[PDB]
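The hints should help you fit chains B and D onto chain A, whose structure is shown.
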Amino acid sequence: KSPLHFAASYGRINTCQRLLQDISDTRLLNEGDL
Amino acid sequence: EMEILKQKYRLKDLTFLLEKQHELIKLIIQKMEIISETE
Amino acid sequence: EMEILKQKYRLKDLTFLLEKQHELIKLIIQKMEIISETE
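Chains as they are written, first to last, in PDB author numbering: chain A, 447 to 480; chain B, 1041 to 1079; chain D, 1041 to 1079.
Pulled out of the complex, with its shape left as it was, chain A reads as follows:
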């Protein structure tokens, strides 16, 4: 949750790619942290 927000916030593309490739259900991109 928090690591994905941090990576997307500061353009860490490698972390986002290696984190969002785990599953194809897409339950992490659609969320709001505060």
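Check before you lean on any hint, since a few could be wrong.
When the alpha-carbon atoms are kept at most 20 Å apart in a straight line, the in silico SDA-like pairs for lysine to any residue are as follows [what the hints assert, rightly or not]:
id: 1; chain 1: D; residue 1: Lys1071; chain 2: B; residue 2: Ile1075
id: 2; chain 1: D; residue 1: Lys1071; chain 2: B; residue 2: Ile1044
id: 3; chain 1: B; residue 1: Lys1066; chain 2: D; residue 2: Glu1079
id: 4; chain 1: B; residue 1: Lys1046; chain 2: D; residue 2: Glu1059
id: 5; chain 1: D; residue 1: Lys1066; chain 2: B; residue 2: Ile1075
id: 6; chain 1: B; residue 1: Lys1071; chain 2: D; residue 2: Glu1079
Bear in mind the hints are in silico, worked out from the structure with no lab data behind them.
Leaving out everything else, chains B and D in the frame of chain A:
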């Protein structure tokens, strides 16, 4: 007028250098690696 | 004239410190190591 124009050019140069510096710092944040505080 | 000259000196000092800061940040980018985002 000459002094005011010189001050304006100095401020414009400061602004341009600040844009370049901000871009460099954004690159530093983008490319640096973190292994301890990964939350 | 005195106030304008003081402002000009303050801006000159800001410019010099910004050059030094930009050089330091360029050094940071040059010398930092990246092990995660190597593309």
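Do the hints match the structure? See the list:
{"no.": "1", "hint": "D:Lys1071 - B:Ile1075", "result": "holds, 18 Å"}
{"no.": "2", "hint": "D:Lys1071 - B:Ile1044", "result": "violated, 40 Å"}
{"no.": "3", "hint": "B:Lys1066 - D:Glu1079", "result": "holds, 18 Å"}
{"no.": "4", "hint": "B:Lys1046 - D:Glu1059", "result": "holds, 18 Å"}
{"no.": "5", "hint": "D:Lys1066 - B:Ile1075", "result": "violated, 23 Å"}
{"no.": "6", "hint": "B:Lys1071 - D:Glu1079", "result": "holds, 10 Å"}
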